[PDB]
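Below you will find one chain, with nothing else, as structure tokens; this is the form deposited in one PDB entry, and questions on how it binds or moves follow later.
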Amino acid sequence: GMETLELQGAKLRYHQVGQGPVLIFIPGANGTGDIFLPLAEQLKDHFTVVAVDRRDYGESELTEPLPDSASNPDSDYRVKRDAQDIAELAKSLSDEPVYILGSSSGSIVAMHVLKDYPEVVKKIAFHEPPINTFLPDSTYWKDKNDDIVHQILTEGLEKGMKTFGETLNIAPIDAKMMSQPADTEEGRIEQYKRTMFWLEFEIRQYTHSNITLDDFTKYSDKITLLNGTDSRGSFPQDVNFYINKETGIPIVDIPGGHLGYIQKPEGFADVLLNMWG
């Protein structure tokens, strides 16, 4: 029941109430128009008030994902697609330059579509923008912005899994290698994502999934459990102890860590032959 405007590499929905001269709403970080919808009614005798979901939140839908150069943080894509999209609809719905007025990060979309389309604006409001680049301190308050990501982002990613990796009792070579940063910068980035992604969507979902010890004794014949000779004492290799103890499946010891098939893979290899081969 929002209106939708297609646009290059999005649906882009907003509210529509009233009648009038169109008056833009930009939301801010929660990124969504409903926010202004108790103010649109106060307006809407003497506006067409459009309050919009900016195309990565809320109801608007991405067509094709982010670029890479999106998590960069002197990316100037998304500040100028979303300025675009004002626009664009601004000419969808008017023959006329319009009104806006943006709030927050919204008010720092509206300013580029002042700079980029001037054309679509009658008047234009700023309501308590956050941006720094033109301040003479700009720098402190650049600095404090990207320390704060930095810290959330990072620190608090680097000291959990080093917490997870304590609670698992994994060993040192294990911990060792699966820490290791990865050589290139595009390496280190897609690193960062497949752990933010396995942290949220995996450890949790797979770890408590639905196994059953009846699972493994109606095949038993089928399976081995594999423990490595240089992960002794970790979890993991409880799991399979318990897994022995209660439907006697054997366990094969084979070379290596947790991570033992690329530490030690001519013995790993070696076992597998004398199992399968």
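Numbering follows the first chain given and starts at 1. What changes on going to the form deposited in another entry:
Hinge location among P65, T154, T184, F197 for the rigid parts moving between the two forms, by C-alpha fit switching from one part to the other: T154.
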The other form holds:
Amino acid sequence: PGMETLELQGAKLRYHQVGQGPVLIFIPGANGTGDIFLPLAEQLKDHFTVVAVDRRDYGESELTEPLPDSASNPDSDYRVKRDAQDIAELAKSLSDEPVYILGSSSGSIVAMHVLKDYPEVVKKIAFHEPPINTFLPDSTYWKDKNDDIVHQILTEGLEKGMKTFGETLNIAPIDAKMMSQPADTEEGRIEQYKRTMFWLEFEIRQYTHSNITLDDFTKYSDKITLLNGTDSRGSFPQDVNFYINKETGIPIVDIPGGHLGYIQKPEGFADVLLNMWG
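If the one shown is the form deposited in one PDB entry, what is the structure of the form deposited in another entry?
No partners, no molecules, just the chain.
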């Protein structure tokens, strides 16, 4: 709304444009959207054609293709180079002459890569408070500090909500210890976080309130066995089975282990499945 569109490879790039005169392209930082520049643009519109971009991963811009799987790697250069190319292609569609460019924060980093890889579109460029470290002395120190902070923030946020969730459902301590144990590797721990966040957004609410009724069980009563772990007593999922059994007559079979008894006590769990179905 109020925004123009430039279609590029993998994205529809949306930007605000106001004013008259030489093109001045503003590149946003962490918020990623050009609206943060509109009060500044109002002050400038008599001297520049001000262009404030939503970078392709943000705001009203939209990817038309998924990012490469490699983009989640901390060393990936795909996004920063693609953002820089976005600016250069937006510059050429708006002007035949080199333009004015200002980026702030990560936007200044994009602007450095515009200058490096497409200097032909740069008349003048400004780097407002850039947080890049690569050329600093001992830049590995700052790279490692950033990698650590990101790791800490992501992993710590989920463990709080995962404790609360466990206490709500009265999951046994044994079970909660094991379905929250952090993976033995670096990539194992990241995949855990991604897995848990997908589960939170896309599974737990959708599945636990899905359209199942007791009528759906009684039709096929003779086929159903309900399994409660002998080490997970008092937890919410056992109450769910207790209710099904109360209202349908379908029997509960007790089985070793807790909520994860199939991995906690494999031989014991198996023995019971053979009792049932062997």
